[PDB]
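Asks: These are the residues of each chain, in order.
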Amino acid sequence: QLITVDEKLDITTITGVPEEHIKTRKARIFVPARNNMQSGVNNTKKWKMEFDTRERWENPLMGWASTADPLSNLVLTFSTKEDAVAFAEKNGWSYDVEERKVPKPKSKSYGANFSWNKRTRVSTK
Amino acid sequence: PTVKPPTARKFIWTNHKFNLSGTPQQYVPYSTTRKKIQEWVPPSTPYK
Amino acid sequence: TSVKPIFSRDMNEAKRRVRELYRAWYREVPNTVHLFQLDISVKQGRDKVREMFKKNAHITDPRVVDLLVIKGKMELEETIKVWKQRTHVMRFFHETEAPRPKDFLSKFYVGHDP
Amino acid sequence: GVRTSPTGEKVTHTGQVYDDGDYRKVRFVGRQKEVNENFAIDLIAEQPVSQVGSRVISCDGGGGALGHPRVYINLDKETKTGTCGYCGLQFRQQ
Amino acid sequence: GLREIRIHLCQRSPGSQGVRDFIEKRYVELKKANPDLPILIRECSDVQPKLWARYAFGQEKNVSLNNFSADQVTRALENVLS
Amino acid sequence: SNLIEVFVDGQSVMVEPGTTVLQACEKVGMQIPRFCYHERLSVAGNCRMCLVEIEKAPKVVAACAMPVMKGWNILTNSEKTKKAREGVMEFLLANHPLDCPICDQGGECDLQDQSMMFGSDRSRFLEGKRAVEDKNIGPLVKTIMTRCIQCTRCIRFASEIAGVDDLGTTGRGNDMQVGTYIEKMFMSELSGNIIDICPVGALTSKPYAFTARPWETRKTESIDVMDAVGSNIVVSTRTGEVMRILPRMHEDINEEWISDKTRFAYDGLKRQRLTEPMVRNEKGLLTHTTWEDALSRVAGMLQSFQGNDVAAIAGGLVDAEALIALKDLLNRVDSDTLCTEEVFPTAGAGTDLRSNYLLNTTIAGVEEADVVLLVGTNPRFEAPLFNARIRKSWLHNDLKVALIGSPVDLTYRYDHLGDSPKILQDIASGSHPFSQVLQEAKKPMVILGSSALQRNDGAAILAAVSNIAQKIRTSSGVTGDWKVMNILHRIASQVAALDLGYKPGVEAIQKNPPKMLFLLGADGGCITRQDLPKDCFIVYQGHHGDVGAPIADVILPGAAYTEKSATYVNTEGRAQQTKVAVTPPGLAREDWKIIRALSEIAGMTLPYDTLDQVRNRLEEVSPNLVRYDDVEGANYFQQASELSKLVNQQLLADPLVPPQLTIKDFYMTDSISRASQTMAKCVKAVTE
Amino acid sequence: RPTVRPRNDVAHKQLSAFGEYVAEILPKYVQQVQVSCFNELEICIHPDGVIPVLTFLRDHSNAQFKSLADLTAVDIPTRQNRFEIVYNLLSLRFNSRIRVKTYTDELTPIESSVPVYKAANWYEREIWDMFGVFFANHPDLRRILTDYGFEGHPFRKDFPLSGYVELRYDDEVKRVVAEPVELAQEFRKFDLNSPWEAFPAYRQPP
Amino acid sequence: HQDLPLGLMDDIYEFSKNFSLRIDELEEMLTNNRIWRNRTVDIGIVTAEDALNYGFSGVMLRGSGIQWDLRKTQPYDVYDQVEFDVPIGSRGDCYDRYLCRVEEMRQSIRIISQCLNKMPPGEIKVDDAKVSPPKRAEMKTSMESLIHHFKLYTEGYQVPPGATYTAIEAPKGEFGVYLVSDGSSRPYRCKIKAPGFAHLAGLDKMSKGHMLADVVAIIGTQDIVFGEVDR
Amino acid sequence: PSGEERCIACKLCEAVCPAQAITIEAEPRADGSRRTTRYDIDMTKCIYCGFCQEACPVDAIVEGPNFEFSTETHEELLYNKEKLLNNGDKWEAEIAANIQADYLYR
Ligand code: SF4
Ligand code: SF4
Ligand code: SF4
Ligand code: SF4
Ligand code: FES
Ligand SMILES: [K+]
Ligand SMILES: [Zn+2]
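Top to bottom, those sequences are chains Q, q, W, R, S, G, C, D and I. The opening position of the first sequence corresponds to residue 9 in the deposited numbering, with each subsequent residue numbered one higher. The opening position of the second sequence corresponds to residue 98 in the deposited numbering, with each subsequent residue numbered one higher. The opening position of the third sequence corresponds to residue 15 in the deposited numbering, with each subsequent residue numbered one higher. The opening position of the fourth sequence corresponds to residue 1 in the deposited numbering, with each subsequent residue numbered one higher. The opening position of the fifth sequence corresponds to residue 14 in the deposited numbering, with each subsequent residue numbered one higher. The opening position of the sixth sequence corresponds to residue 6 in the deposited numbering, with each subsequent residue numbered one higher. The opening position of the seventh sequence corresponds to residue 8 in the deposited numbering, with each subsequent residue numbered one higher. The opening position of the eighth sequence corresponds to residue 200 in the deposited numbering, with each subsequent residue numbered one higher. The opening position of the ninth sequence corresponds to residue 71 in the deposited numbering, with each subsequent residue numbered one higher.
Please note that a few of the clues may not be correct.
Stretches of chain G that chain Q covers, calculated by requiring three or more beta carbons in the stretch to come under 8 Å of a beta carbon on chain Q [to be verified]:
#1 123–129
#2 167–174
#3 303–312
#4 444–457
#5 598–612
#6 666–678
Subject to a maximum C-alpha distance of 30 Å in a straight line, what follows is the list of computed DSS-like cross-link-like pairs (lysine-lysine) [said to hold, decoys possible]:
#7 87/G <-> 75/G
#8 275/G <-> 133/Q
#9 38/S <-> 447/G
#10 16/Q <-> 20/C
Hints listed in this document are in silico derivations from the structure and should not be mistaken for laboratory results. Beta carbons are placed, not taken as given, at the ideal position from N, Cα and C, and that holds for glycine.
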């Protein structure tokens, strides 16, 4: 037999996360931009959730990059924007969603390279 | 090495050193890179 | 909004378990202070129990409350059976942590964190 | 090519040296600063330029498979030598 | 003393039609009357229209203008200016 | 209706006619391998990596160039397709140098990655390799041309996007070489983009060389503040250090390009930094102190002065959150002298109506216009990515472009109407022949540069240009919803300052000199101590020691744009926000937090304690400032035009000369780029 | 073909036939049955079916999966029920292995399978400890791997690799203390995924 | 990773030649010793039925008479090509499990003998450079080899999406991995099945009705290493 | 053999290191060479697996034959580039012969 629960789902008190890393963090929900150095698009398929960047300082002994932020490396993957937003909401994280950027469909024509009267005519091949 | 001597290179230590830990010749680590961020030096005159 | 319950079918049933667990923790504190030879008083121990209970006072989901009681009982069993050591009990009090700034100015002086 | 700063601390081949008011040089008090004395930049500059006949030469660093990946160097420019991008050996077309 | 007036409204919502009508007809006259009073008009989609008045030492009040008429807007400004 | 049906591996797809095979595959989510093809360049069809089999066709077709026919079944994974890819990859790698460990492309290389995915795993090439000499093309782009695969992307980009026909191929066959032939420098404001489009490590960033590998960098998606375009960027960091700046695709702003100042000036963030609060000592010299001491000193003055005795000037790189915080603080001493260095005429409506100071047509709207009139501006250097959008329309839409002002070079041929501002009156009257061009235009565009408004007769010019836009609308040539009047800004912070109610220009300060002056990143030298009373108390808050800091009494080290989450509004009114990539150096602090901390110490505590709360405040003052990535759109041009006809200002006789005439003026324009050693090398290169 | 793993169609056919067999007998619980290209049979079931399905597979004469090889969980945050419970069973009689999978979320308990396999006792304690999945009617459910008083469930995808606290000995209080974690060298996150698709056969529809 | 160095197989033969004598010396000390038998015989008895339900494997099953060995029933690599016998217990106690382990050592020598004689020639890693890195000489000469070496040591090979439970007859019992691939070069999930985990969970069952000193014997007969138990 | 460093700061060793024990920074050397300015190995993070020397394309980083380098302090086991270059100059005679003995198996 089932019960009825109309509460908004919230699990902040049973995740073990310190309050500082629930209430002062800002989660960012986005589809990563394509690395402009490459033409492949396979890394722009899934939604991601990262947290606000925090201080890094130089270790006095070695000069290594030290941190006190336990979420500095936390990156989560989601199939849809709704899945990511739902996950942030039940975990109590304040979040920002940025709409997916889709390359606009283009009109390509190899023949335009040799136009009789238009500026699209190329001067070299 | 009396029959198969090692190849000679000009940079190989001519004098072997044993473990120097706990002596004044012990290794001490440090960062080998230079300063990253250069600070602004205020003018040395009271033109203000 | 139809879900499988854990233990309690509503908040009233859940709150009964919360009170039963508080009773058990309340009575355990004097034994814990003696068994672990803690330097804290019984009043400090019982105040700590109240603070931990109070921080979850805002929950309205009976399933979440069940889990909190399930975990609270597990914590009590660790303490009573002396599976914990002195360090584990004293971790509730953060004695070696320096107080962290609360107001805007204090935080502003010490770093970039909000 | 080691050199000592005005405070007497040697400069490494990467140019590192604690400046005057840097407390971190306290770590060397009673001990020493490990500095390699065989500066590679100076050692590779002592190698003579190799005179070759062809426009294109290949270098693998010597020793066959014990060297570096084999690359080919264009020697058309007469204002400069062709330098191996792995080992720094220089070549010139004669 | 009054220091600044801000009017917020939506470009398309019916609730801002009265504010839109006011700016169409009355705003130029208003600006001529009060040449040195900054009247910041700021349109944003899907906002309920509002009138903000800023007084000396950063004291501010806001009045809703949702579903107002052009005259009700005119009276709301008349109240603020005086 | 017009769509035709094709199949990709038996899956039906409806495409418009003219769609290439490569584009049809994209519709089902299959990316055909490519090297020479770039969706923003003209089709080349020379690398052959995109060869694909069409069912029942003996010959594989170049998917990038071949238009798809009705009923075709594209076999993207057949044995014939796979063998074509392996063969082409085999040929690409035959002469390619074994450079991966020393080559900066390694780890983000399309040749490496498509070799792994679509090529064989071994070599059967038993000959010697080709080797070509390198070419010097400037201080920004290093060329290792033995790595070049002759894809001609750089050639096509330089000719089409940048409008510079300096790159080509010399020789023939296996000896064909990409370059300039003669010794020449490719120094264009968009030149650094050839690093991104070169699929290999043949073209690489000289400043970046050898410093990092792609897999170890952290990517912060952020916004550029070097101009008012608001180009979307990615900031690459490693271990708390900024390593480079990359473009981030945004179709409606910068596409996938950035200017060279945006790309290479980031090294200015490592020099001349303000890291500690400073105050004057007994000798009149700046000396380091604590935040407590410096803020207490400033607070004591803020509590002693009131009204017109306190003023602020906002610089060009300031953020909206700091702008509202400083306005709120000064309002709490009943001061309304909140100024900006950049001037915008206050005659008529002034900043009452957003449409009076926005690029109302939008950057993407240039692609729809049929005529563009540029008045007193050099958009090539003021807004490089906006000028590239004009050339894109000039190229593909046959856009007609006319200019009034100095006959600068815009990378496209334009009609020079002269440089006298009196031409604007001739056009408005109807005597000038160009007026007929505007009248016959269905979607005309008039762009007045913010640089031209820095003249004394700026209000006269704005009225004249706005008068031309009035006549065009009165005639029915225009479509109504289409907007004609545009202001092109060059300062990142200007539009946000105008939205919040700042007074544009320092005229009010010159009219009423203050006893206490706040320089919020103000480094334009607009107000010196010669324009101020003898004992003026100057507080400089910023991130660079440049022009403002040396003359200040107190220095409050602020954060740079890579070191804060801050709001900037671009020339079209779109609000965008940066993200923190690295924390501010030393004791520096977030700018809005400094003002909030100052307000509390002075007993005038501001009512917001977090970034979100100060952004809630921004909404109260201008709701558009929190609608990130949206272009709201402003109206009431008629009302603004009706008010600009009241006071009749006279047009000066000086010809319209933009501040930047040649490339040498482009590289250094703000504190960050002035502190950049790369920008100094570019300036040296284009002058010697 | 020396470098390619050979197929075994006979076992693929046998496992497929037995997969239908199980689905026909337990339609109340079975949601999906699949056989991997390397011949592994998975029965995806509704969580109510854990005890009936496991009991059937243990005791049925054509099944006899007497040995519980492994019981574990997988966290997939993008799923409404983020936790996938995986039972790996072995049948010595028929020299075969089967996998049974169900799901749950943070607040929905799963029936303990200790009555079917005594082996499940500790496996379920570990799943509770590492993922926070509660098993109903478990004889002795409590942490097993983590330290006493440990907060959180470390194997959840959203739990940080280095956690939130770390230990040291403090001379002033003369005991080991727990403090917020600070690292002399932050763990360096690497972005390794190539931007080019590797396996067309698994491409998802756009 | 690498081929055997020249001369190694000869040395493995010399070692194997003498090892059974070492086992015999061990059996001389323990097998017939009445003190050893008093410490192990009828200690920690587990029935065949219980051993299966409690998740036991390896010698913990064969000591109770269950005829099961993954090298025989689910062979991997070339175990189907070597001859050996599986020792089976009869009493299910510590002494029988000890005898099973001693006899398994003898069978391991028997298998090693066949391996030394049947070792074939050829390459020692799969000749697919998208999975296994090329030879160093190739990497330093061929463009394709250098790329694949670069990518295998930075990104690593991508694994097709899927999940597998793979087990072997490890010396302590069935050792398996439930490995989940999400298509990338890093595993999504890797659950490790340690045979000692289920064996130790059965310590309470096996120790019932025994004395304190027997608990030490029962822990030993399970052969517990806490690296695999705790992971 | 000329004395030039073999390492050209490709960072393959740093990428493959299973323990993240290697830290590298690099820039163009004054003569234009691609060389490291930082090369650290935390010998208390290292698992002595040899993946770095497998990954290295130019035989620059190796694991030598020395195993008797225990120290009295933790800090002495955080090797920087100078220490590692000194190790190379100290042990090259043995290292080179060992590589000569095994390189045909690699
Ligand atoms: S361009 Fe790519 S394949 Fe060529 S050397 Fe550079 S990383 Fe290697
Ligand atoms: S330099 Fe680069 S972009 Fe230009 S043709 Fe060669 S490979 Fe293509
Ligand atoms: S041997 Fe040490 S430094 Fe080298 S890869 Fe292995 S763990 Fe890293
Ligand atoms: S030691 Fe070898 S693998 Fe590591 S960075 Fe240097 S050259 Fe590359
Ligand atoms: S991408 Fe089609 S031939 Fe180059
Ligand atoms: K490139
Ligand atoms: Zn060389």
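Asks: Hint by hint, where does the structure go against what was stated? Just the numbers, ascending.
Replies: 1, 3, 4, 5, 6, 8, 10
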